[PDB]
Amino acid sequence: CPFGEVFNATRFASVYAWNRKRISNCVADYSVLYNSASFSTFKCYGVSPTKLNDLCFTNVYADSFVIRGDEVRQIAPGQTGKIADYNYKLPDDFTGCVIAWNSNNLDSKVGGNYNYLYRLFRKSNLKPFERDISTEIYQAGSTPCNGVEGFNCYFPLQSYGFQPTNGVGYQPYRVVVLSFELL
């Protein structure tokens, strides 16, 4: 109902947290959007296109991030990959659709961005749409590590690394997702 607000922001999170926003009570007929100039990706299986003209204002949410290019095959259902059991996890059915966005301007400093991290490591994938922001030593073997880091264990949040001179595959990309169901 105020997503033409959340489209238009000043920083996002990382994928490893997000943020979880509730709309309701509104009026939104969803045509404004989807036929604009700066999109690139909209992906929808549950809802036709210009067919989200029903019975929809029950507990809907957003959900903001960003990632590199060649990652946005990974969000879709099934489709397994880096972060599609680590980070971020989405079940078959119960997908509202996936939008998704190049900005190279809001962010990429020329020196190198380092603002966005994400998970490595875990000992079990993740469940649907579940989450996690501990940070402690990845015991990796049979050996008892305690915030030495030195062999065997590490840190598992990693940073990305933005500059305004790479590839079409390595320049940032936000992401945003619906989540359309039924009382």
Given for the second form:
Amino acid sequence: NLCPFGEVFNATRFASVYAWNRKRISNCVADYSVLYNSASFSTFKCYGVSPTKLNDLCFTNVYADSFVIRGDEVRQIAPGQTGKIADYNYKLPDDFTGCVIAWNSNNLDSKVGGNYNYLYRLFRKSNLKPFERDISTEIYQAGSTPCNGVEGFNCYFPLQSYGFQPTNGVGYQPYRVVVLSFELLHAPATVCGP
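Please show me the structure of the same protein in the form deposited in another entry, now that we have looked at it in the form deposited in one PDB entry.
FYI, this one's just the chain on its own, none of its partners or other molecules.
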């Protein structure tokens, strides 16, 4: 059994950062050094565990989260960050044990007039909790009077698009991000290195 990283990394379309995908990966043998030596990634940062050791460690379950952001926000995908991604879209815990991979995708996820398929939650009542997900589009109430699903002053549609374009800056260009998480639970280990 070989862990199915091939359709997680090389998926034809990634999600948005508010409605991010997850995938459970169990009962398989994964070689992490073959990923680390792809060298086609802008960012490969492992927290809580050192690479070159992932083949010598064995975990109950691992999870692969996939989402697209802009280049300047990959700094926010990390333990202890703060922003409009670490608070409202994707939050990583202080006890993270995994690896954040990220790579430029201006070829696939950008269009001449703009690509409005990729969204992010701009306003939210409170900060996300570690690994929580929020896909509601309820009108955000910014004042004292309720917003019964109708827009106006004081009431905002919370999501908003990135509007990727082929010639945006390098910090405003699409970046595909895959967060691998490893869990050590009191149970037989199923996903394990070679």
